[PDB]
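Visitor: Listed here are the chains, written in short residue letters.
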Amino acid sequence: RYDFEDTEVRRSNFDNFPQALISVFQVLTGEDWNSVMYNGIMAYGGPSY
Amino acid sequence: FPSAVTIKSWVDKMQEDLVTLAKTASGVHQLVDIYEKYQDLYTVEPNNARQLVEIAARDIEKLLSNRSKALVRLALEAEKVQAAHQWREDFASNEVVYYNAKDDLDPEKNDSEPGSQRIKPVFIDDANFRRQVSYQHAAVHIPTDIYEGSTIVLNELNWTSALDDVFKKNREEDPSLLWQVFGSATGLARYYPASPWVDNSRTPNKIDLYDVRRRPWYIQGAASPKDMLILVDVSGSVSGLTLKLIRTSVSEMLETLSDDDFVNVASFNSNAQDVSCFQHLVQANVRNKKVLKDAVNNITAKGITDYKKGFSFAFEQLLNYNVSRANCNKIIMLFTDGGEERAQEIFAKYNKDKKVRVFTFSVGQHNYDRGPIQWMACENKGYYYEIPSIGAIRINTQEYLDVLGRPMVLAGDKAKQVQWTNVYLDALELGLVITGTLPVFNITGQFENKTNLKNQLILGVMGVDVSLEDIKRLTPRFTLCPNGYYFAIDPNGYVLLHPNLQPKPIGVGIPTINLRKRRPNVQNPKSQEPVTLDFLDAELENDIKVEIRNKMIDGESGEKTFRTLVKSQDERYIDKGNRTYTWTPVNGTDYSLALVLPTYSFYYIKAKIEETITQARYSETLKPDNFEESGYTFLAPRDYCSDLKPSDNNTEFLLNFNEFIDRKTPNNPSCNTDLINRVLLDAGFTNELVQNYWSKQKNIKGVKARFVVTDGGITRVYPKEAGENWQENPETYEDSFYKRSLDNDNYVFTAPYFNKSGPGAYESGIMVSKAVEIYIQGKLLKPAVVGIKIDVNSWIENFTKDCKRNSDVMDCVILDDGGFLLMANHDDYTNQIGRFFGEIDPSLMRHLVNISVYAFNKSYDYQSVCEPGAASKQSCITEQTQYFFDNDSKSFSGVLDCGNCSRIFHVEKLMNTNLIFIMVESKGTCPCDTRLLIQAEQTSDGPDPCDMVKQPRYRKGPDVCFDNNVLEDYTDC
Ligand SMILES: *[C@@H]1O[C@H](CO)[C@@H](O[C@@H]2O[C@H](CO)[C@@H](O)[C@H](O[C@@H]3O[C@H](CO)[C@@H](O)[C@H](O)[C@H]3NC(C)=O)[C@H]2NC(C)=O)[C@H](O)[C@H]1NC(C)=O
Ligand SMILES: *[C@@H]1O[C@H](CO)[C@@H](O[C@@H]2O[C@H](CO)[C@@H](O[C@@H]3O[C@H](CO)[C@@H](O)[C@H](O)[C@@H]3O)[C@H](O)[C@H]2NC(C)=O)[C@H](O)[C@H]1NC(C)=O
Ligand SMILES: *[C@@H]1O[C@H](CO)[C@@H](O[C@@H]2O[C@H](CO)[C@@H](O[C@@H]3O[C@H](CO)[C@@H](O)[C@H](O)[C@@H]3O)[C@H](O)[C@H]2NC(C)=O)[C@H](O)[C@H]1NC(C)=O
Ligand SMILES: *[C@@H]1O[C@H](CO)[C@@H](O[C@@H]2O[C@H](CO)[C@@H](O)[C@H](O)[C@H]2NC(C)=O)[C@H](O)[C@H]1NC(C)=O
Ligand SMILES: *[C@@H]1O[C@H](CO)[C@@H](O[C@@H]2O[C@H](CO)[C@@H](O)[C@H](O)[C@H]2NC(C)=O)[C@H](O)[C@H]1NC(C)=O
Ligand SMILES: *[C@@H]1O[C@H](CO)[C@@H](O)[C@H](O)[C@H]1NC(C)=O
Ligand SMILES: *[C@@H]1O[C@H](CO)[C@@H](O)[C@H](O)[C@H]1NC(C)=O
Ligand SMILES: *[C@@H]1O[C@H](CO)[C@@H](O)[C@H](O)[C@H]1NC(C)=O
Ligand SMILES: [Ca+2]
Ligand SMILES: [Ca+2]
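Residue numbers (the deposited numbering), protein chains in the order written: chain A, 584 to 632; chain F, 27 to 121, 124 to 619, 621 to 830, 843 to 912, 973 to 1074.
Source of the hints: derived by calculation from the structure; they are not laboratory data.
Ideal Cβ placement from N, Cα and C applies to all residues, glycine included.
Misleading hints may appear alongside valid ones.
[What the hints assert, rightly or not] Label pairs and their computed distance ranges (CB to CB):
(1) A/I624 <-> F/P531: 21 to 29 Å
(2) A/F600 <-> F/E121: 39 to 47 Å
(3) A/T590 <-> F/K785: 28 to 36 Å
(4) A/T590 <-> F/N570: 21 to 29 Å
(5) F/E980 <-> A/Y585: 43 to 51 Å
(6) A/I624 <-> F/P1044: 48 to 56 Å
(7) A/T590 <-> F/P531: 52 to 60 Å
(8) A/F600 <-> F/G264: 15 to 23 Å
(9) A/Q609 <-> F/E121: 20 to 28 Å
(10) F/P1044 <-> A/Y585: 30 to 38 Å
(11) A/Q609 <-> F/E457: 53 to 61 Å
(12) A/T590 <-> F/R370: 28 to 36 Å
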């Protein structure tokens, strides 16, 4: 779903298992977790209901 | 309401009044009399329009063969020269010295990049180039994203440096030659003579993004024409950054396509639909491509991915053979991200022998598997290209011509044929031009056939411009009248040479730019399209002209005479002109050349004056201090001698013209005798009128100004106060009224313009003109056009004395053909004079067309400018209406009804003139509108393309197509 029509690269996604594992570990250390969340929110339209 | 005989008798006393005022004050019969009184200052020679065409067809043959010889030698040198190049990589040790265009020429800069050394050249200013230029060496254009100093680029500037000696040998032999350029495979271009490029990279804030490979001239000689078919993956996975990239590649891929190339665009996601309205391969001209580039954009991606229905739909598209087709290289290119299926079965049958070529493009940053796509490309003798980025689009969607050029470079000498391009605006601002191209091949170790690994690509392409102003000097129109002209034509229907053709690019659609999304300082691309106006779009279309147009696309000779209607110079009138056409082929090329004449122009006047005193006496007639007894004289900016130049400030020009005859006798050993001489004879003919006739009747009452626009450029407005208001072009072969006066056998009235700026109404007045018409030995000639600006106030008084100056019962008006309003009874209408009558009472005008009193034809002007619409100027299409009498009948009675009211209008046409008189009941008695029928260049976006291409215009493709050599490498992807 991180398929936005921009040229900005989002290295922390959940495209496959290894990548998803890394992203979870990342949200766990709390390093840049808010940035990861923003992508997820934008993947569902934006800040709406 | 007065009876039909009362309007009949009252028109006949005010068309007898205008014509007597114009026959007497202008001097039609007097100027006829003095052309015939002399008989011996001139002779009457014929325009043999079989002969003239044949003569012209051969100067364009020899011009374009002379260009060709130069092209061949340059190519030979390039091939020979690079076969003896050593591929060095020590360039800081041995500098490559060259002059680089688009660099600061300031001496104090001294950048001095490694490997290279620049030149400061000296830059004389020039004519035939309207820019400063150096004839001692060739400039070099490197594109911007290409680094210079790369071993790949540094090694071109080494071997290509031997062209400056052959460049020089072409211009020494022929002074007139224009740009000479070698466009490199490497993307480096060298041209002679050297001049600074028009966009420097960073010294202004506009930056050029010009690539030689991208250029149309480079492309036509790179490779053979081609029927492509863009196949796009629109499955759900593509949506995202990748989908965004595809829409910009396909638009980019198209830029590459040409008129000779056919192309359609399909799209698949578990079914293959076709992106637009077309369904077959269409000509990929400016318009068709505009439709496809507008449907590629709206695509949405969803669903699965079936590489089997996408290539079935593609092959079927490739096999139509009912439609018009290129029939040359057949190739299909698919834009997609990753493929899990190779679709081995579809390729076995559809292309068992590999007739088709497949190119697969993987786009965006993604993890989908690329092995199957690469395999498809390898199997089909195509190529593979990745595109991750926007800056990667521009060199990969042009790069497929390295593959398509391969079976041309295996054809040998047979492939070295000069081809000439469609007219287009020059990169350097020269003007409209065509380029003849030849491809250079990479031959290294031919003697022994040693390598061939990279010997299947072209080194590059070589071109040489012909400017269209050079071809117009081989087609002289002065002997022929303003009506006569020469038209040149492709085997594609496009017009190489035409009066109508213009420098502005041909426009498509209604221009819409969004001001809310242009950040102020980034500099988008300007334009690159060729100026492809068609013969059936430069002139009003008939059915008896599509016969003429098809008959001279397939290289035949002939003549034709028929009655057709000429559109006027200004876009307001249509006049039925009995023309004769005559065409023949230019035997060296695929152009065929024609010539229009109007019967009566079959004879011209040559000046046969040679006496010392007679050429002397006629020459002080055009002296600006001597306009107190002659009339404000004008003079047309012909190229009389090579030395005195057309200046556009006419008092400037007439002094430099008339200085020239005093300071030197008109014999002038580098200057054509007949053109200047005819002018001198003419000025002694528009003198004896202005001396012995007009200066006798110094003030006629209703007459404002009196002119003789004549052939020899010399227009003479009679008082100098009046000559300030003379707002015409002083070139007599560009005046609109001059040309409408020659078609008609009756006095012609020209309506003044509505609104605008400058004094053009009460101050100058409505003008009447009439061509002079003499017979010498029973041979018809029309040498000149006399005239009168009328006084609009006086005319009103005669008109007033059942219509009152202020009448509420009924109003009456006089309208010239075309429906413009000249004289009005009310005084709320005569303020808006020279206005189209369907804008001041649109209800009556609408009815008049219905009665058959008026006829019209809407046309398309593909070269015009307009303001944008929100969705400084772009090019656009305008639709243009002109109105003209189609019914010869003199009177038209009737009544029009709007609903709940009747109005009884009576229409009478004045005999011997284009004017029409109509009497009708006052508009206020029936409150009616319908809608305002307006006649103007009206922005529009037609004709719709999807309906033209179901029955396209006839066309003839290139005879030689190079593709599918059996010994092609077909092993590199
Ligand atoms: C409006 O109507 C008037 C009157 O018909 C018209 O008139 C000028 O009218 C006078 C009245 O007799 C004419 O004499 C005059 O014409 C000249 O003189 C004689 C008359 O037979 C002839 O040589 C010619 O008709 C003509 N030649 C001359 C005098 O050089 C006539 N012309 C002018 C302009 O004075 C107006 O022209 C009418 N309004 C217009 C101009 O439409
Ligand atoms: C590409 O660049 C190279 C490097 O500048 C050019 O090679 C150079 O060519 C000139 C003339 O062909 C050589 O001059 C000759 O030098 C020898 C002595 O070395 C002398 O005996 C000759 O009489 C003459 O002066 C020059 O030396 C040579 N440089 C090297 C390193 O070999 C080459 O000409 C360029 N190619 C083109 C197509 O211009
Ligand atoms: C015309 O074709 C010839 C070959 O038919 C091309 O010449 C080849 O150019 C390549 C460029 O990559 C040269 O390869 C290079 O070799 C050097 C060693 O000097 C090495 O350091 C590089 O890594 C690279 O491998 C190759 O020498 C040369 N081949 C021959 C036979 O000379 C030539 O490039 C083509 N013309 C143009 C204008 O491109
Ligand atoms: C164009 O070339 C053709 C030949 O391809 C010329 O036609 C010849 O005309 C001459 C007389 O002018 C005849 O004697 C020949 O018989 C014609 N050719 C043939 C094969 O019959 C034509 O004259 C050339 N036209 C121009 C304008 O150059
Ligand atoms: C241009 O106008 C002329 C009107 O004089 C059109 O010619 C007539 O066309 C109608 C059909 O529209 C025919 O029935 C008549 O026989 C035609 N008359 C003549 C004298 O030609 C002509 O069709 C118009 N051209 C276009 C493209 O609309
Ligand atoms: C063609 O070349 C010849 C020889 O240089 C020259 O005499 C002739 O004028 C040239 N013609 C044109 C049209 O340039
Ligand atoms: C067109 O040709 C006819 C027949 O030759 C001729 O009578 C007519 O005058 C010509 N048209 C014009 C406008 O002169
Ligand atoms: C003339 O007007 C009538 C009634 O409005 C209409 O039916 C007819 O089509 C018109 N004639 C032409 C030539 O359009
Ligand atoms: Ca942290
Ligand atoms: Ca897919």
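Visitor: If a hint holds in the structure, say so; if it does not, say that too.
Guide: Evaluation of the provided hints:
1. A/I624 <-> F/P531: 21 to 29 Å: violated, 54 Å
2. A/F600 <-> F/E121: 39 to 47 Å: For A/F600 and F/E121 the Cβ distance comes to about 57 Å; the hint is violated.
3. A/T590 <-> F/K785: 28 to 36 Å: For A/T590 and F/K785 the Cβ distance comes to about 51 Å; the hint is violated.
4. A/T590 <-> F/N570: 21 to 29 Å: violated, 54 Å
5. F/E980 <-> A/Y585: 43 to 51 Å: holds, 49 Å
6. A/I624 <-> F/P1044: 48 to 56 Å: The hint (48 to 56 Å, Cβ to Cβ) holds, given that A/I624 and F/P1044 are roughly 49 Å apart.
7. A/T590 <-> F/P531: 52 to 60 Å: violated, 38 Å
8. A/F600 <-> F/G264: 15 to 23 Å: Taking Cβ atoms as reference, A/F600 and F/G264 lie about 21 Å apart, which means the hint holds.
9. A/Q609 <-> F/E121: 20 to 28 Å: violated, 53 Å
10. F/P1044 <-> A/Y585: 30 to 38 Å: violated, 45 Å
11. A/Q609 <-> F/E457: 53 to 61 Å: holds, 57 Å
12. A/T590 <-> F/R370: 28 to 36 Å: Because 30 Å falls inside the window, the suggested range holds.
Checked against the numbered hints above, the structure violates hints 1, 2, 3, 4, 7, 9, 10; every other hint is satisfied.
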